[PDB]
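Right, one structure below, let's go through it.
What follows is an incomplete set of chains from the complex, kept in their original frame.
Chain IDs A and B follow the sequence of writing; residue 1 opens each chain.
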Amino acid sequence: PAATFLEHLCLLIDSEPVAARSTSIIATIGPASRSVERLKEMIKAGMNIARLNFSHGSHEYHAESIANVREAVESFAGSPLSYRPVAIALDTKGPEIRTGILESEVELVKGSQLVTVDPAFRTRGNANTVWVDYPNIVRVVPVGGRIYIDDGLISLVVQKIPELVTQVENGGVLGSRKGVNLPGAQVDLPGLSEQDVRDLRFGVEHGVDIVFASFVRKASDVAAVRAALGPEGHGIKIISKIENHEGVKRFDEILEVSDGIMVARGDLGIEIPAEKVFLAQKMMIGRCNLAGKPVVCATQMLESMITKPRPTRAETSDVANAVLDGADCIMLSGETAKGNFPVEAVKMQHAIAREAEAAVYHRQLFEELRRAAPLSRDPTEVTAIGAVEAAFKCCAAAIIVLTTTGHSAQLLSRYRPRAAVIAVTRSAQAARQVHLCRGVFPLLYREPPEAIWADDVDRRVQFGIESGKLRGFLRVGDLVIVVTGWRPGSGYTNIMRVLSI
Amino acid sequence: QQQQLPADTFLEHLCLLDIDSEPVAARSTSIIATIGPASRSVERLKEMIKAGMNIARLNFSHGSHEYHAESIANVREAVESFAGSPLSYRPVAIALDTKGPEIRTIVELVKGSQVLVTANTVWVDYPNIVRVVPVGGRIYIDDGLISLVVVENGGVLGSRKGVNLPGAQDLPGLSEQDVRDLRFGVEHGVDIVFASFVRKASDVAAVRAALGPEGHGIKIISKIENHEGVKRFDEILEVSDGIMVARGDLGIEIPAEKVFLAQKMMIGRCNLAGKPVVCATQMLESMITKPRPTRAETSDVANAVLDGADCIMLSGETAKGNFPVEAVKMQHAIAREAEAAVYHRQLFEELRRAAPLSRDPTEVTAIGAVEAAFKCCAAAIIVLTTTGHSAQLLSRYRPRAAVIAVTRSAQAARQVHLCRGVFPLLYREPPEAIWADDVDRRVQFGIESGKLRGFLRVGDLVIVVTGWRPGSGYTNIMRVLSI
């Protein structure tokens, strides 16, 4: 029915979704969700990627978090057909600026007159004193320069710049060690601080699967993340976070060099006017779709759930619209790191996505994507679009790719099939990183290779099919599109066959 | 370029939204703000008008008759304070929001504990409750944040809060209080009735009947707030002047995951029929407490504009919060950016295509005017309208150029805010002897108000729409004039 655009819309509430939701969900790990038991709960509810937010907590503290995710995850390895892998994502600290330690709450008051970088004063913070961890602030913020504290809920205007006389423009309840922002001011603060490099090495050492790299402003920024990531970490997927004007202006350059993007609406939402983020968001998602790289929508999607068990009408709506925009993943932060309803937040994102996903007008979408996408000569894309097409023609229940590094699956999702892309792979990491791609569902294949190749292929396909039935992707009578390669290894995907279940 | 000038597809389109492309243009989506303690003061009202309020909502769920007579007295007072300058005067509509069949509750409720409906005792003003909630029947309290199975979800309960009984069905659309309320409305010349809990054609019939003879002029916007309302939408729409997607109630009556569908569907259908549609509730909540909205709220506003909504609302945000003006400014600012992001191309084509042939000279002139507008990047379309009807016809098609509507009907100049992209001008002079001349004076009036407010500058082309003889229903001419 619902599947013009107007027309489409007009035909969208009792049409029960039916299908693996495909927008994968990223949840940040924190006190509210570090416990193996809680993690297991969140896995059941639909978390696919676990975010470690390195703005907080020590190395040891995160090694615990990983230890636990890994623990919660493997607790299901008891049935290979049902095992959901889970990716792990290191979110980098980058050039944050932050206030000192005071869970007491100093009230900064509208109009009252001091930002200091004096070591001694590094905890002497008061109703009239706030100290900040970026010495250069006193040199980069001119008279009538605006300073923001805590998610931009606090505003100060610089009025006298020896030791920053500011006046509180927007006051509020200030807490411990909070994000500071200096828009219109050029931060010479480096993309890669020593801590960031340590943090990244840690990452590799512990085999995280994805680096969400904060404050990416330019191609060279992701180069560093790569260098730091070092040789041991070429497999790591680097997702550039876009969080400020420059990032937005150099987006095209950033996208080219990165594996994907995150629309970091939090910072972005203070660095540029609030009325504008939507544009930035819808724009980068578009461009990303066009290039066929993962894009992540983030921050405050479900805030009030930090405190309440139900989201607001806007948050529901936000989630839907991100999916309808084309986002590959959606995220949770405060919602799962500190709040009183982490599992319930995950369940909600899972539920909205499934409805939003059923409302996509693939028609327009696939045509649009086909149309825009330039010719290509790489057999893999060729097979991929070929597969998608066959998939539409017959309402394929699913497309089952054999993939070594996920790259073939990615190519399929690029074109947004409606049929599920069931990816079979022996690379445990690949099976994790692929959650970065809308509509892909990884299956980790454990058996050792058969002697005769073909047979190995057949075993894997049949493996996918079997896991398929078990999980209710495919039922007898369905047609399935199978995509595979002429010889073993990666980069040789080149075959599409049409099989009946 | 500006206003998102820099496509052939929607994808393409999206890919070219630019963040430095300064919006430039009267925002079109009109803003509704609910009046309450945070905003009943003449001075505060003046502030909100400057920020962009166009409709004032009186929420009859709360406060007495006298208390609202005060609010109207004030809105009127704030508004007329600008009548010092006819070229600049912004009318403001007044909308009565009906109480309808609510259920309400003068401590923390703990998860797992028993709570009796009549710390563990809550009394309710719907007696039939004990008769319609069976064993396993869910009872929700306060904005659906508190849950009760005949306590599932705990939380802080306050005094007299919304109660909902989903899956359960009897309470009349029109209670005696509602009728009094409506009479009050007519008596005080409200311009619009947002009618709560509309579930079926006959429901709006009553609102009309109650509204009585003295109130045929009153526009009746039906609030959709529950399953039934959603299922009978097509019938309700036919009979109503337009719609409100009441996401609050709706968002408890049906699963939360689903409202977006309801919303995008109704807005589509309304667009199709050319009736105003209003998006409402929680668009900017956190601003009830904080001076800045969350990234989701920003996003919500834009997407309602981009969905097609004619008006967007504010409730807690302007009735009780600490940042009413600041909430209005925000809606105004989002709308303007979302409006420059509309892909009129697809939109107009889509509307044209879908709209059936017609034979009414007015529609004919209208679509023609729009088309001319596009061809030249008209700065604006200037209609002379008696009841607004011709301005409405123009907006139907979603010109990008502004629809400047000149009218002597003060009320029409108000009710027209219900229509995306229209900008009313109330014309005060007495008629000229020679007709034509009267026409010319009005057009020129519109033009002059036009320059003054920065809709049109020298060199612009404007599309003028008028009628062959005086009275309504005779719109039938389109002229192309240069400024």
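Here, a residue touches a chain if its C-beta (ideal position, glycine included) is under 8 Å from a C-beta of that chain, and two chains touch if they have at least 3 such contacts.
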{"item": "2 chains shown - copies of the sequence in the complete complex", "value": "4"}
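Just so we're on the same page, only the chains that are shown with their structure count from here on.
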{"item": "Mean-CA-position distance for chain B and chain A (Å)", "value": "36"}
{"item": "Sites on chain A touched by chain B in the complex", "value": "4-7, 9-13, 151-153, 170, 172, 245, 248, 265-266, 269, 272-283, 285-287, 289-290, 299-304, 308-318, 320-321, 325, 348, 351-352, 354-356, 359, 364, 368-369, 371-372"}
